[PDB]
Every structure is written in structure tokens, then in C-alpha cells.
Amino acid sequence: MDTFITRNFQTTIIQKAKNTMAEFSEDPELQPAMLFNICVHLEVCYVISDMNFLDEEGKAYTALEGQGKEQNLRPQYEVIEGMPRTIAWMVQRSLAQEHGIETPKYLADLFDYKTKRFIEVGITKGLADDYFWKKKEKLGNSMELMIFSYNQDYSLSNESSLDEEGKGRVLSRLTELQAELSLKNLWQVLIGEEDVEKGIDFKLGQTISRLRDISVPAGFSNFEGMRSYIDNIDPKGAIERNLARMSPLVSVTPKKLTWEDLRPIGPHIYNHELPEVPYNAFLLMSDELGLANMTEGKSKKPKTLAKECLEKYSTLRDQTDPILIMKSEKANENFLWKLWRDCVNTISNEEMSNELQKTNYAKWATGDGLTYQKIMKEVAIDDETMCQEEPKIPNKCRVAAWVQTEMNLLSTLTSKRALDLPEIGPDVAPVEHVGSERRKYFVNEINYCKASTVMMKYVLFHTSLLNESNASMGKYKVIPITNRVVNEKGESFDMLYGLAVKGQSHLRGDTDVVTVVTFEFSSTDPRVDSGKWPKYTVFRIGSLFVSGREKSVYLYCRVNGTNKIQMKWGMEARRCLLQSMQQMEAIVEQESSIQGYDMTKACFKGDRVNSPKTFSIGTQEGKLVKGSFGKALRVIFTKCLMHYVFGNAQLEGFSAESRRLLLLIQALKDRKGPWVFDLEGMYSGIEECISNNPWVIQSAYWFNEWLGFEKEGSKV
Amino acid sequence: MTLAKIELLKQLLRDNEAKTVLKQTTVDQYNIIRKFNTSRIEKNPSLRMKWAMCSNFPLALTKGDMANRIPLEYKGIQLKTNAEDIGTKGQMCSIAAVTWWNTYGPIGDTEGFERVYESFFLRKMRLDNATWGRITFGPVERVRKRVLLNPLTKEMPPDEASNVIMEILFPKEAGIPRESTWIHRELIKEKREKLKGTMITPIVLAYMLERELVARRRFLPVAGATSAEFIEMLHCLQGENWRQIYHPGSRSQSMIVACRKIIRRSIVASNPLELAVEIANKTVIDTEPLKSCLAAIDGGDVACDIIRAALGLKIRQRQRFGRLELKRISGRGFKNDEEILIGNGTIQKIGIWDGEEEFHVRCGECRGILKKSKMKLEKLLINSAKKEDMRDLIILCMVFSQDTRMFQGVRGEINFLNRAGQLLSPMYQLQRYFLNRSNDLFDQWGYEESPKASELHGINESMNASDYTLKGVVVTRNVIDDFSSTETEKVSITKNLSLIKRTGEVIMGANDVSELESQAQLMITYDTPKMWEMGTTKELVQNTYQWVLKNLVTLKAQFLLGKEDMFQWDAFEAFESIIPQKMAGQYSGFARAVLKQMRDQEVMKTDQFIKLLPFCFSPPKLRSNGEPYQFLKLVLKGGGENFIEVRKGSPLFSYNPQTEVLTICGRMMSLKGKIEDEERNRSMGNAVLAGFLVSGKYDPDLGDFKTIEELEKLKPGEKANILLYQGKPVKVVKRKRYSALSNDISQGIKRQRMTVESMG
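Line by line, the protein sequences give chains A and B.
Note that the numbering used here has the first sequence beginning at 4, numbered continuously upward.
Note that the numbering used here has the second sequence beginning at 462, numbered continuously upward.
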């Protein structure tokens, strides 16, 4: 309330009200409503006494402001309210003696020279008549009365004491105060000159009081006891008294951390007894075979594009006798081959519809019908064989070899570029010119790396999957894994990488799973490394010539499942690009901080004064190898892409917990002498995440190798 | 639609729930009622929008006649559907119709965008005409500061902003204009005229006005300029390791000077607070009282903070000592009186702070951290900002710390005063002594080895970045960011203008203000005779003419009566001080005769009336025969350019009737014309429902209510039945005058204190 008083009242009136409250020993802070009432009383008294003067004849009249008439300018009303009690009493007595009038037994508010009377001014929230009668009874007829209410009504002992303007102005001020209070919700809280002596009432019932009584710390028996104890008892070293007795077997166990303490994380990956990690990513990355058709540039529906792409390659389109290279463990060769044949027929059909024409064979090919039937709780309670499935923990695998090869291959330039970005407005400021130069130098590098093509393929596939799911809910659909690739000459090839059957996506929630089966063209015979493909049932659907060198063409078939969350994140996987640029930007900026000019050409290609910037990128035979700035940018972009594709709970738990060791190593390299409390705890936390994620296992392997390198290089 | 409104109301009331809720919840409670929505907010807006854009008709069109302009299917493309809706009760549509509307359809009005979206186009103008420069790739030092993100036409607090918006674009529901529309009358009328002639939905205009008025401030890392114009482009200008040169396409100094003058005027008298607030709320800067820029900026000079405390405003609770802004970090200092010998040999009894303490310290552009113990400074960390600011910070922190070395370093004498001629406490006397003679405690303070470290480097007594620094002082090559939690905690004001905390501790003292004079870059026009008997003759003439101009209605009305009471005004007494004594009486007689002739044998002429009125304060001295002396060139004190021309105009006064403009002391003011017509044009701002006061209840004797336009038809003193705010029928009376509550309160206080003194 005090804020409202400060805002709506002048400091002078507030000071007068505070002085009056002090004279009565009443605290303004503890009774803000009373302070507001006193301030309003003073303000209305001053407002009444203003502007009113008496002419030489003694007739009431108005006098202008800022325009004095010698000295006297006798005002009509002399304010008595607001003076110190002694001074107010003396002034009242002096006026009574001077004008020969009886001295009121009660101190007055104003005095009118014209009527030669003492006037009392009152305010109320109730009816003016009631307050007027109460005040008259308390004080009597010795003093004229003027009471105003907040509802635009008033009671005046004499109707000629105040003109229309004065009453209108006081009522306007009161109404404005009321409206402002209501806007601030203080109106209901506000309590008048008869209830302001009570205060807020909020008393606890019986059940809540009992709950408070039993919810007191140990050693107490009632909340009154706790309240008295807290208000009275003074601790003057209780902390030290408790510490002086607490057992010395509790402590942070502070141990200094040296290089030797750090050991490789997740030694079980090295062990060969465990199985090689399989390829669990949604789509093939370094094995995709692009059925490429040159196109003028027209963008067409994916179904028509796939139709045309197969039309160009009649041998693969019309292949109908498969050669099973391997049926993995559970999937049925007949189901997968018939489903793929239906896919090809639907794609190549004359009708634009891209929905499976069988609708019944796919139901068992995708395993939708192989689901349990839910019963009510009662039967489950009664039946004895309805147990609870044991949790299925992930397998503990070893370091594979395909992950490293894919990491290498996706991070190399290719003549084909797909990543294209929309234009932006002309750059007129120097800063945006520098930004444009840096952006061009970056895209000239990233665009031609195969990881960019894989990322665009993933984004396009997930966008198409989301569109199909939203449009089609309870019907099986056919979805080409399409991409668009522009070569250096500007030819806009359209690439078909395979097909996918989408199941029934009629799902209200987001976490609900929808099954999709992917058939992918590839040029890799899995028999070369069968450990990479234990989840895939494949055929050998023919061969093709790229330039005269015949190479086989297989179809990798696999059933999988996704959800709306991963489905959306597929189209948000483009942010990897941003993560690739930000850091490099920072790098370049750091260089610019050293020497004044801009180095984006120097770091990338070098200049006559500075050599090209080279990072440490790889290794061979125990010999670390450098790498150009562009290659390092490619490595970072591929790292981000893998952080996405192989991302799950294990990856998060691994990264967010190995960051501890990363920062500890960073501190050690700066000779900060970091100390640790429980190292084995951190190591266990980290290594309880290396179970079956290929990227997690390879990250652990690379971390161990890099830690070994840092250990060997720490000698200097 | 009003019939549709009443039919909908009747249908809604037919249900008992509507009847009971409507008759139960007052108008104020409506807010609560509105907030009881489903709150079934979409969990993922991206997925929802993606799905909706692929649906046949995601757009929710409002029912109306617009749809008939477009077929339900154009060129074989489905656009809109006639199926009913439950969520919005309208129709459905697709982005195809939106694109067609952008292609064809009704053509609207382009005028509204010229002024309605003024802020955006001003942003574009500031961008287009900006001039760019070089790029500095070197590291940039940035400080975290509270900066205004966007420029504001006139910064005001949120409540005043809302009230102004309502008074602008909501002519109805304008009960009892507060003491805020008169301050912003020019803004009210300007925005009202600009937005008239539009058809945009009112809520859009209200939100845009809120953006254009209500301030938006944030903590940002900045280096260099800090005005909102540069902050708009901070994303491009600044940079962690790069900087750009940018130049985007005043009142502050004047307010500083005015606040300092008010402080000096009020301090010398007894009960300074009331006099200071009277002058502050009676002052004006060219269009508005001082509560139009004081309330705009956050904090400011100590004088402005003290005045704001005297007025009603929020001030940052930083402790001002001289120029230092101090923010306590920890520790409690016990202020105990002690007798200490000063280096001059004298012994002074002053308050010393027992116990350790630490304060963030700021002075101009210098920031730092100070840690002090009783009778000793312990540590001081600073950043290199400016030699003058660094020296001021060092010296002021030295004096504040009350280090025994500082006392032992005194060599002269401490008997100084202020411009008002008062003896200050020994602390401020020492402050002035040391600032006047900076090389007094610096020599005998003692030196300390340089802060050997990676970045910490010392500074010598000459403020150069030289090693062998002062004992304790340290300069770190980093950024010190301080002054968090600007709570603006409750602060009291004593009569002597000195602020205090919620407790009895004193934060700002009356003598913190620095006694430095400047020149008001604007017309500082007061309204009280007491104030302006300090400055030059030109200032006196300008202020007297402004006083005459402001209350032109009253003087013009008194002119018709033809009585000498009009001339015996206190406002002209100060003018008497700048008229030669040997000749002022002749001027008074001549002007009185000329004005009597004007009243008798010709018609209104405001310019000459204003020019000739003020000189008549002194008594006349007629010719020996009795006729008045005749003049055409009224000389003023100072000679030369200080002279008034009776005929047409002079350097101090020239009115041109071709454009009807007034130039006083080299300042053009718009006298639209003459006549109560120009008076009412001046009143063209004000506020709807400003000429009517409230008196009585509904009083159905008048029948139905009447609009503002029909309200104006009523003659003064009538009774009318109107609706206040959202309903609330009341009875009002047309006003016969213009009111000023601050003036009434000030005069009441003056009478009260006159009575107190007379009895005393």
C-alpha cells in the first residue's frame, strides 16, 4: 500500500500524516490504511481551503494564483488540520477568542472566517448520512460538518459553505482515488476509519493446526513450542558444537589428480570375446547407391521421380528372381522379397497413388499383427502365468571397424554437391561483407563432403515421412528415399536411394512408435564384413556400370521403427551445419584478434605472410597427421552428424559425463593441479554408457587414443 | 450489431448460470473470469503448424461478408468451406485464399501506415541513412550495463503509459483524468491527430503505442556509445573480437542544472523539502513539468535523485558519497563517534565505521571493488577507464575509507562552505580539500610494489599506467561488472532533503551535490517568484514573459474589468529589479496610459499587451502638467542588446503577424493567433472528460445518457448524466475553470507554515 501512497500523494502530505501518526504513537508502516486515510483527509482539507478568499466587504470570492495583492489576501478557510496538536489547539483557542466564539471541546479541522465557525471534514465508504449523524452525535452542533463518500454522495451541514466547483473537485479526487485503488485491488483490502483498528484476520482451523503440531522437528511437541524456541533461543556456535562430535569418517576425500590416475575409459570394448557392434542407424550412410537421373531441374512428386529412376534402369526395375546373400536372424526372405516387389509395382504403376495395393501381405511382412492382445486387470490378477517381462539390457559389444571407415569416407570431398541454401539480401555493411566471404569459404568446403549429402538425404526422408504420416494415418504407404544432387557443371540429378514401406501411423500421442521397412540400393557385398550387417536381410538384384567398370547392386532390407519426436528431429538435423560453423568462426576470429587484418583466406588457403592453418586430424602407424582447415571443418561437421544419427540415451549419458574428464584434462594441461574427490565414481558413471551404441564405442576408443597421445606428449 | 449484441446477451442470460455469474461478479472481478480458459496449450508448435499447413483448410476465418468476394473453389482449387465451426463459430479456409487475396481482391488504404507504424519506419530511416566505417578486429572490452533496447518517443512509467493509451485511442471510459494527461497533452494530441483516419483494430494500435512509450531495458555487454540508437544495431556494431564504426541516421544537462538550482534554493531556507517540491512541480521545460524527464531516465545525478525522492518517483538505492556510487557487498559497519587528530594538528570528533566492509564503487566511467577495515583501506581493484575518472575514484574512495593516512596527509585548513554559505561535516570538508589539492595525500600515502601477475598491473600517483603503484590500489586488465539487484528499496526523505534507508541510516546527504554551474540548454521556465531572482536580465525577462503567457486567460479577463489590482502582481516585482530606478516610473506611467488607450479606443492586440504590461509594476511619475511621458525604446539593465522596442520588436521580443509567431530572447513560440479560439486550440490536447467534474449519483431526472459531443453543448454549471469507466452512471457538472492540485497543495502548505511562524 505504501507504494500507492508514495505515487498518488505528495511528499509533503505524507510527511504531515507521518508526523500526526507519530504524535499518536501509531506506526505508519503497521497501519498503511490509516496512513492513507490521514493523507486523504489532509488532501481534502487543503483542497477545500484553497482558492477561497474574502473581499474587503467580507463576501466570499475567488482569487487568482501567482498574482498577489500586497500582503493580506485573506483566505476564506484557515486550515487547522495537520498542525501539531499543541499548535492546533492554540490556533483554535486564538481564533475562538478573537472572533468571540465558544472554543470547541474537540479539535477542529478548518475554520471559516465568513461564517466564523469551526468546520469538521470527514470521509467514509458508507452512506454520507450515517457518518454525518455519527459525527454530529460525537461532536454536536458546535462545529459545522462536511462528509464525503467514495460513491459520489455527501452530507453538508450547510449547503452554501462550498460552491459547486469545490464539491465537484473533491468528489472527483475521491472517485479517482477509488478507481486507482480498485485497479490496484487495494479497494477491497482497504478498510475505513472504523475498521482500520482491527487488521487482517487469518486464523488456522483444527486439521491444519494439528498438522502443524505434528509437523514440528524432533524434540518438540507443539508448534507454539517451536515458535518460542526459534524466537528466543540464540545459537552462538552450534555449528562448531555439532562438528566437534560428528564422526571423522565423513569427508570429501580430497586427492590430487595426476596424469597416471587417468586411465582408458571402457576397457571392455577392447576385449574380443564380445560381439562386434552392429549398424543400427536408420539409413545407410557410406553405402548408399544413388540411382541418378539427369533432370532439367523440375521438382516433381517423389513417386514420379522414383518411377522414372526405375524406368531408366529396367534391369533392376524388372528383376524378380532374388539371390539371397544372407537372411539375418528372424526376418523372412519371402515376406521381404514380396513386399519389395509390391513396392516396385506400386511405384511403377500408372496411377499417381503411392499406397500399397496389397494392404494384407504387408500386415504380416511388417509384423503389425504379431502383437499381444490387452485384457482387463481382473483376469491378469487371477491368472498365474501372466508375469512381468524382465528388462532387456543392451548388449555389451566391442569396437567395430565400419564406424571408422564411414567416419573417414563421409569426411571427404565428392564431385557431387546437394546442400543448397536460400539467398539473402544484398550486403552493404563491411561486417556483412566479411560474413559473406567467410560463409562462401565455408560452403565451398562443406558442400562437397559426402556427409552433407547424407545429412540432406536424412532430412528429406524424415520430412517426407512426416508428411506421409500426417496425410496418411491408417494405410500402408510407399516412400522413396529421394535426394537432389547438383554436379559442378550445374546438372541437377535426382537420386533414388531406395524405398520404404510405412505402416499404420494412426497415433494420438508422439512417443507412440510407427513401423517402417527400408529397402536400400547398395554396391557393397556384406560377405566382405558380415559382422557389420547382423540386422539386415539382403539380396543381389543385379549389377550396373558407372563408367565401364561393372559393379554389383544389392538391396538391403530391414524393419525398423520411429516416432514423431525423432521424425521431427530428422528435419532439424540441419543444425549440424551451424554447429560446424560456429566453432570454426570462433577459431578464425581468434586469429583475427592476433593480427589486425582478416585471415579467412589465410587460415583456409594461406597467403604470402601466413602459412595455411593446419590442425591434427588423424594418425597412422602411431604417427599423428595434420590436416587442412577445410578438412578439420569437415571432421567437425561429420562428428556433429554422427552425434545426431547415433544419438540416444547412451550418447547423452556418455557425453555429459565424459565432459568431466575432458575438463579435468584441460585443467591438467594448464597445470592448475586439479584435485578430485572420487575418480572411480566418475569413471564408472562414464563407462556405464558404453554398451551398444557404435558412436559411443568409437568415441571411447578415440578418447583413449587421444589420452595416450596427451600422456606421451606431456613430457615437455 | 448492437441488436445482435442484445440478442446474444438475452440468449446467454436465458441460462441460469449466466444470470447468476453476471449478477455476482463486479466489473473489477471480470479479469479473473477471463483467465478461466482451458490452457490446453499445444505441446509442440512446430509439429502442429507443419500438420496444419498440409490440411485442406487450417485457416480459421471469421464469419463475415468477405468470403463472398472469393469463390469456395477458384481455378479448380479449393479455398474455403461453408461447414460450421465449434472452436471459433466461423468458417474454414486455406492459405490459397490468402495468396489470392494478396494477388487480387479489395484494395485498401495506404495512408494509415505512414504514421501508425511510425517507430518501425523510424528504425528503417535510422538504418538507411547510417554511415558505416572500418572494422577493428582487435579485442574489444565490453561492460555489462542496463541499456534501453529501443528508443522511446517519451519514456513514462507503465501505468502512465496505459492511461495515456486509453486517453488516446479510447475516448469513452475516461473518468476523472489524473495528473498525467496534462503533462503529456502534446503527446496526446499529436498521436490522436496522427491515428485519426484509420481503420485498424484498436488493440493493434494500443500494443504499438505501448511499445512506442513503455521502456524496455536489459543487461547487455556494450562498448562505446549507449543510446538506444546504437543499441538497436548492437548485434552488428559490437563483437567479442571485432568492432565496427557506425553513426546512426540536450534535456539532460538542463534538468541537471535545474535540479541543482532547486537544491541550492531550498537548502538555504528552513524546511527545504516543501519549498523544493513546490519549485520542482511548478517548474517546466518548454512543454512539461520536471516530472517528464526525471521520470524518464533511470537515476541520474545526485541532485536529480534527491528531487525525485522529494517528488514521487523511484530512485536507485546506490549510496552517493560526493561522486562515488557505493553498493555494499557484505559486512556491517558500526558508526561510532570518535575523536581523531587531523594532520593539520586539529582534533575533530566524527563518526567512524568499526568493522570490515566491502563496496562496489563507481565514478563516471570507472568501476572497482573496495575492501576497507576501520580506520584503514585494505584493497582496491579498478579497470583502466579514464585518467580523470580514475583519479576521482581513488581520491574519493580514499576519503570515504577514513584511512588514518588520509587524515595524516592533510596540510592546509578545513573551513570551507557551499554556494549557500553553510559549514559542512568534516567528511565533506575533507572531500573538497583533497579534490581541490589532489597531490596532498598522494605523496605521503606510500607506495607498494607493482602487482606482479599475468594481468594485474599498477598505477602511479599521476594516473599514468606506470608501475610502482599506490599502497593497495590495483588495476586489472579485465572487466568489473557490478551494481546488481537494483531493488529501488523503500527510501524516506527528511525535511532537509537528505534520504535515509528503511532504517535510520542515511544514504544521500543534502550536500552530495557538486557546486558546479552550467548553462541550461533549454528554456528553464519556473512559476514562482522566489526562484528566478538569481540569473541575468535576459533570463528574468524570458521567465516573466513565460509567466504572462502561461496564464494569459486570467490576465486577459482581468484586463476587461480595468482595475489596478491586475498590475500589482508579485511576478513583476523581480522585473522591477531589472528596470532602471531613475526611469522605471516613467515606463510604468507610459505603459499604463498606452494600455488605458488600448482598452478605451481600440480592440484586442495580444502582442503589444504582453509587451507593455510588465513595466507598470512601479508607480508612475507623470509630467508636471499631468500627462504621461512618451517613449519608443525601453532600455534595460546591461544596456546594448538589453532593450525593448515599443513598435514592432527587438532582440528580446519580436512578434510577427504574417505567421503569428512570438520570438522572446531568441526562442520561437507559436501564438496560433489571438482570441479564445486560439486559447481553445491550445486546449486542443488536454483529455476527454477534462472540463467536467463529478457530483452526485445517477439522478435519472435527465433521462438517458449523453455523449461527449452533446456534453459540450451544455453551458457551464449544468448537470449531466454520464457513464464513468465501464459503466458506473454518475452526474457531472461542466467546469468553469482549469485546476492544478499541486498548486492548491503548495498554497495550503504555505499558509500552514505562515500560520505556524506567526504563532511562533
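Fair warning: there could be bad hints in the mix.
Unchecked claim - No more than 30 Å apart at the CA atoms, straight line, and that leaves these computed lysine-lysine pairs for DSSO-like:
| id | chain 1 | residue 1 | chain 2 | residue 2 |
| --- | --- | --- | --- | --- |
| 1 | B | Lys633 | A | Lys62 |
| 2 | A | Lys21 | B | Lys796 |
| 3 | A | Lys571 | B | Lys504 |
| 4 | B | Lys1189 | A | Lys187 |
| 5 | B | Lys511 | A | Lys187 |
| 6 | B | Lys1158 | A | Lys239 |
| 7 | A | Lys117 | B | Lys962 |
| 8 | B | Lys1057 | A | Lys72 |
| 9 | B | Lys1192 | A | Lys201 |
| 10 | B | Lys511 | A | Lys377 |
| 11 | B | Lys1024 | A | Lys187 |
| 12 | A | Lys187 | B | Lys1057 |
| 13 | A | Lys119 | B | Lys1211 |
| 14 | B | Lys991 | A | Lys128 |
| 15 | A | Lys62 | B | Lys1195 |
| 16 | A | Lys128 | B | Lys1197 |
| 17 | B | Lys1197 | A | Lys72 |
| 18 | B | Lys848 | A | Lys117 |
| 19 | A | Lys21 | B | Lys1024 |
| 20 | B | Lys743 | B | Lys1197 |
| 21 | A | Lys62 | B | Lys1180 |
| 22 | B | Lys991 | A | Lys138 |
| 23 | A | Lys72 | B | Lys962 |
| 24 | A | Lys478 | B | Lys504 |
| 25 | A | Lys187 | B | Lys1195 |
| 26 | B | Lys1024 | A | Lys128 |
| 27 | A | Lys141 | B | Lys511 |
| 28 | B | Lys743 | A | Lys239 |
| 29 | A | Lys139 | B | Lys511 |
| 30 | A | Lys304 | B | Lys796 |
| 31 | A | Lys187 | B | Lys962 |
| 32 | B | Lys1211 | A | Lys108 |
| 33 | B | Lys615 | A | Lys72 |
These are calculated hints, taken from the structure and not from any lab test.
Hint by hint, here is what the structure shows:
A hinted pair counts as satisfied when its Cα atoms are at most 30 Å apart, and B:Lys633 with A:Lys62 does not qualify at roughly 40 Å. For the proposed pair A:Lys21 and B:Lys796, the alpha carbon gap of about 27 Å is at most 30 Å, so the pair holds. Proposed proximity of A:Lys571 and B:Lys504 is supported: the alpha carbons are some 13 Å apart, at most 30 Å. Proposed proximity of B:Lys1189 and A:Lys187 is supported: the alpha carbons are some 18 Å apart, at most 30 Å.
For the hint linking B:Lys511 to A:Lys187, the alpha-carbon distance of about 43 Å lies beyond 30 Å, and the restraint is violated. Proposed proximity of B:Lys1158 and A:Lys239 is contradicted: the alpha carbons are some 65 Å apart, above 30 Å. Our distance criterion of 30 Å between C-alpha atoms is broken by A:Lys117 and B:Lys962, whose separation comes to about 46 Å. Straight-line distance between C-alpha atoms of B:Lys1057 and A:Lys72 comes to about 21 Å, which keeps the hinted pair within the 30 Å bound.
Proximity of B:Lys1192 to A:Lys201 is assessed by CA-CA distance (about 35 Å); at most 30 Å being required, the pair is judged violated. Note on B:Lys511 and A:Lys377: the hinted pairing is violated, with a Cα-Cα distance of about 33 Å set against a maximum of 30 Å. At roughly 50 Å between alpha-carbon atoms, B:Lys1024 and A:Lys187 are farther apart than 30 Å, so this suggested pair is violated. Straight-line distance between C-alpha atoms of A:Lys187 and B:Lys1057 comes to about 56 Å, which puts the hinted pair past the 30 Å bound.
With a C-alpha separation of about 22 Å, the suggested pair A:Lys119 and B:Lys1211 falls inside the 30 Å cut-off, and the hint holds. Restraint check for B:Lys991 and A:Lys128: the C-alpha separation of about 41 Å exceeds 30 Å, so the hint is violated. Between the alpha carbons of A:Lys62 and B:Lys1195 the distance comes to roughly 24 Å, so the proposed pair stays at or under 30 Å and holds. Pair hint A:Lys128 plus B:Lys1197 holds up; C-alpha atoms about 29 Å apart against a cutoff of 30 Å.
Proximity of B:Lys1197 to A:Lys72 is assessed by CA-CA distance (about 23 Å); at most 30 Å being required, the pair is judged to hold. Of the supplied pair hints, the one linking B:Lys848 and A:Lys117 is violated, its CA atoms being roughly 69 Å apart against a limit of 30 Å. Between A:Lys21 and B:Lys1024 the alpha-carbon distance is near 45 Å, which puts this suggested pair outside the 30 Å criterion. With a CA separation close to 22 Å, the supplied pair B:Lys743 and B:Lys1197 stays within the 30 Å bound.
A C-alpha spacing of about 26 Å is found between A:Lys62 and B:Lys1180, which places the hinted pair at or below 30 Å, so the restraint holds. Of the supplied pair hints, the one linking B:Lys991 and A:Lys138 is violated, its CA atoms being roughly 42 Å apart against a limit of 30 Å. Proposed proximity of A:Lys72 and B:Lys962 is contradicted: the alpha carbons are some 43 Å apart, above 30 Å. Annotation: proposed proximity of A:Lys478 to B:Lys504 holds, straight-line Cα distance about 26 Å (limit 30 Å).
As the CA atoms of A:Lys187 and B:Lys1195 are separated by approximately 29 Å, the hinted pair is consistent with the 30 Å bound. Our distance criterion of 30 Å between C-alpha atoms is broken by B:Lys1024 and A:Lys128, whose separation comes to about 47 Å. This hinted pair does not check out: A:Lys141 and B:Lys511 have alpha carbons roughly 75 Å apart, beyond 30 Å. Taken as a hint, the B:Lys743 and A:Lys239 pair is broken in the structure, with Cα atoms around 56 Å apart against an allowance of 30 Å.
Our distance criterion of 30 Å between C-alpha atoms is broken by A:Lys139 and B:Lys511, whose separation comes to about 75 Å. Between A:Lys304 and B:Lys796 the CA atoms are separated by roughly 83 Å; this puts the pair beyond 30 Å, and the hint is violated. Taken as a hint, the A:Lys187 and B:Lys962 pair is honoured in the structure, with Cα atoms around 25 Å apart against an allowance of 30 Å. Proximity of B:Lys1211 to A:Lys108 is assessed by CA-CA distance (about 27 Å); at most 30 Å being required, the pair is judged to hold.
In summary, the hint linking B:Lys615 to A:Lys72 is not supported, as the alpha carbons are separated by about 39 Å, beyond the 30 Å threshold.
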